[PDB]
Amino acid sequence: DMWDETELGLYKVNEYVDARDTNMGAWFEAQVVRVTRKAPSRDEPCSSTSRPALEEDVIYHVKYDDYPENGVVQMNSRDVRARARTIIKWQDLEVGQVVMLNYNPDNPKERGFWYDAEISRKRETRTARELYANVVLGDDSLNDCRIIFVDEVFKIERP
């Protein structure tokens, strides 16, 4: 069974977060409506020395702000974070940074959705500001993609 959890979560009921969609991998604003953990065993404490309960243990149940029709969806803790808020300007970007940026996999020249990405190239020539990144970081990432929206790269918020 699922038990409601009030301590381990980094995000509380009613708080807004960014949540990573389970189908497309992009980040969308959402409201936390419930935080749960798996039920402890009958003869085990909620937290033990062998297995200290951890924030990564919780499941967040969220409702997307712009997709209410999707209903309440369950999120792994790695798929919820504080809303993005700070751009990393062009001059501060570098290879190896992991950022949230805007990319359209189907039409890469055009505006898309917001994905985690690892910068793979960063160079300014007389002709262009070249930014490439491995986009949709995780399984089946899109490697070494040319990024259009080089002035709209966000820092990822971390606890």
The other form holds:
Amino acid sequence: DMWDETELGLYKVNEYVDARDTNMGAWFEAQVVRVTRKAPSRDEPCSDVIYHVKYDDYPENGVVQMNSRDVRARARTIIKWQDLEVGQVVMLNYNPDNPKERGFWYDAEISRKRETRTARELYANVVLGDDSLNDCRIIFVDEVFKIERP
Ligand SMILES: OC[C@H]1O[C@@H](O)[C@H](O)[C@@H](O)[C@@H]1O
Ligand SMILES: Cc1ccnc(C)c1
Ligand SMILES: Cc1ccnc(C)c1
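Right, the form solved without 2,4-dimethylpyridine is done, so what does the form deposited with 2,4-dimethylpyridine bound look like?
Below, the chain from earlier opens the complete complex, with every other chain and molecule after it.
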């Protein structure tokens, strides 16, 4: 059984978060509607939460259960071009199917960062996690966000 949990969650009921969609790996704004933990044993004291969220722009998907690694405070600060560097882990916009076009917001690890006379080159390992897309050219180099880690 799922038990409602009021203490362990970093995020609380009614709070808005970014949540990572289980099917395609991008982050979307969502509201936390419930926070739960697995029931403890009868003979064990209470002392990792499951968040239950509803996406702001996709209410038709209903309430969805999220691992704690797939919920975080809403992105709010851009890392400007001058401050980006290889090895940073960031949230950026990429379209895996049409890479020249606007897409969705994914975690990424910067793999190349160079400015030449001709171009500002930013490459990153995108959809970081299982089957990440390695060394992708990033178009939207002025819209790279810091990941919030409260
Ligand atoms: O977390 C549960 C939810 O996961 C979603 O991916 C499914 O589309 C829903 O049918 C389901 O209720
Ligand atoms: C457009 C889109 C795609 C995948 N997941 C969500 C929540 C929205
Ligand atoms: C642009 C943006 C800002 C904050 N969160 C997300 C998912 C996207």
